[PDB]
Structures are given as C-alpha cells and as structure tokens.
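One chain of protein is taken out of this complex; the other chains stay put.
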Amino acid sequence: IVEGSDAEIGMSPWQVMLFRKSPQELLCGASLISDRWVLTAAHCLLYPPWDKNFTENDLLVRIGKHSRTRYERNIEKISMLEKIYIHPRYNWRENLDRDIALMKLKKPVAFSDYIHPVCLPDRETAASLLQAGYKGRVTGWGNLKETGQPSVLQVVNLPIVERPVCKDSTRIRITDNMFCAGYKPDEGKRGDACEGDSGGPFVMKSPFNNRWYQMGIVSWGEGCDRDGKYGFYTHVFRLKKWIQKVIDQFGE
Amino acid sequence: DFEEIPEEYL
Partner (left out) sequence: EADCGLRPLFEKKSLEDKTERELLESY
C-alpha cells in the first residue's frame, strides 16, 4: 500500500497472507470468507508472463496477522491448501479479465478476535454501494513505494472512479468484471495498492446493516500511485456465480 | 527477512 497507514489491531480480521514456502516470502494478499475458503486473485497463482504457476503444496496461508515478517505466536494461524480453484474464463493472456480464485484450506481455521470472515455482496448491496465517489478500503503488506517494505499491515481508503475515467486512463481493455479506484490528480489526496497487495481485499462497510463487504480484489495497476493512473480490481459480485458453484460443488 | 515459522506447517 502506497500512502496508507498502519492498520489497527483486528481492523481487518479477514486479511490473509499468501506465503511461499521456498523461499519463504510474501506471495500475495487474500481474504477469509468462511472457515475453509480463502479468496484471492487468479494471477497470484497463475500468470505465465511472469513464470508463475503454483500448486497446492508450494503455498501456505497465514491468517490473523498484523506484523509482516514476524511469526505471531498465539495469534496467527497457518493453514495448508487442499485445492486451488481458478476461474475457467480467467484471461491472463490479455487483460486479466476475471482475475479471481478460491483456495480450500485442509482444515477449518478457528475464528478469534484477529480472525473473522468478510461478507460477499449480494446484487442489492453491490448495486447501491459500487458507485463513483463511494470509498472502499484496501489493505496489505505490499510495497510502500513503486520503488519500501512495511512492518505492519497497511490500510488506505480509496474512492471508486467513474468507468469512463478508468478506461481513459489506460490502453488496456477494461471489462465489466473490473472497476478502478483511486484519487484523481487534482483531488489532492492519493494512495494506492502496490506489488505485494495483489490478491488482497477491497472492502466497503454497508451503511444499511453495518457489515463489511468485499467488493473487489486487487487485480492490476500500472506502477503504484501514479498521477492519472488507478488501481484496478476484480468485480466480486459479477463473479459470485462462479464462487457459488465452486463452494456449492466441491465445498465442504 | 521473514522470521522462521514452525517447521510443523512445512
């Protein structure tokens, strides 16, 4: 996260860290949506351009963390992956369309003050909250500058941008399965996700029932916090159908 | 710079 601030303890109980076993390193951000399912970006697991194609055994899921590098004894819980599911129509060749994936943990994780699932939006919640100007929250242990490493989980609130503006800011083909967020150059304020935050959650707090909902997944961006550029996110609700099938199919 | 994690998870 660029231009964010340290997260408060338990501020994001659903934040999940994708950790690479060998060598031990931060792989990506992700989210806890139930005691056995973790949501993240498809490219975090599969992305040929950068020679990336992880399998269950290469990954580890760390939940309930605050500190980035330290092993938080008696607080975080490390889970092993049982099966990874990547959207069948995930376009890693062109524009990362449908940049979403599910990971089934081998054993359910125990909820606590630092571990708690986030809600997946329904059509209505998405409809009324996913609007230009409405702010969302993005969190992660990713880089602080485009080019630097945080000690504590970072957080920043960012405004959703009008679709036209998003499209006019890049040469990449934008789809309805994507939305972009960030401050315009003249707005004064700034901030954005960055390398390492990818796969992480873009959440919003419903003013209707005071619950947190994950509307997006950190998908891609050109650089980090550049004037005129915006971070792009996977539109969770538009892909919820797939999420349902996976869970209501292989889901325990 | 990631602190060692219990090898049990490995």
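The chains carry the letters A and B, assigned in the order they are written, with residues numbered from 1 in each.
What we mean here is this: contacts are C-beta pairs under 8 Å (C-beta built on N, C-alpha and C of every residue); 3 or more make two chains touch, one makes a residue touch a chain.
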For this session: Quick one: jot down which shown chains the absent chain touches.
Result: A
For this session: Taking the full complex into account, find the residue in A:57, A:210 or A:249 that is in contact with the omitted chain.
Result: A:210
Exercise. Looking at A:23, A:88, A:133 or A:164, which makes contact with the chain not pictured?
Worked result: A:133
Problem set entry | Candidate in contact with the missing chain, chosen from A:159, A:196 or A:200 | A:159
For this session: Would you write out the residues of chain A that touch the absent chain, in ascending order?
Result: 8-11, 13, 33-34, 111-114, 116-120, 129, 133-137, 155, 157, 159, 204-207, 210-213
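Throughout what follows, only the chains that are shown with their structure count from here on.
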Seminar exercise, completed: As the complex stands, chain B meets chain A at residues 1-6, 9-10
Problem set entry | Residue ranges of chain A in contact with chain B within the complex | 19, 21, 24-26, 60, 68-71, 78, 80, 149
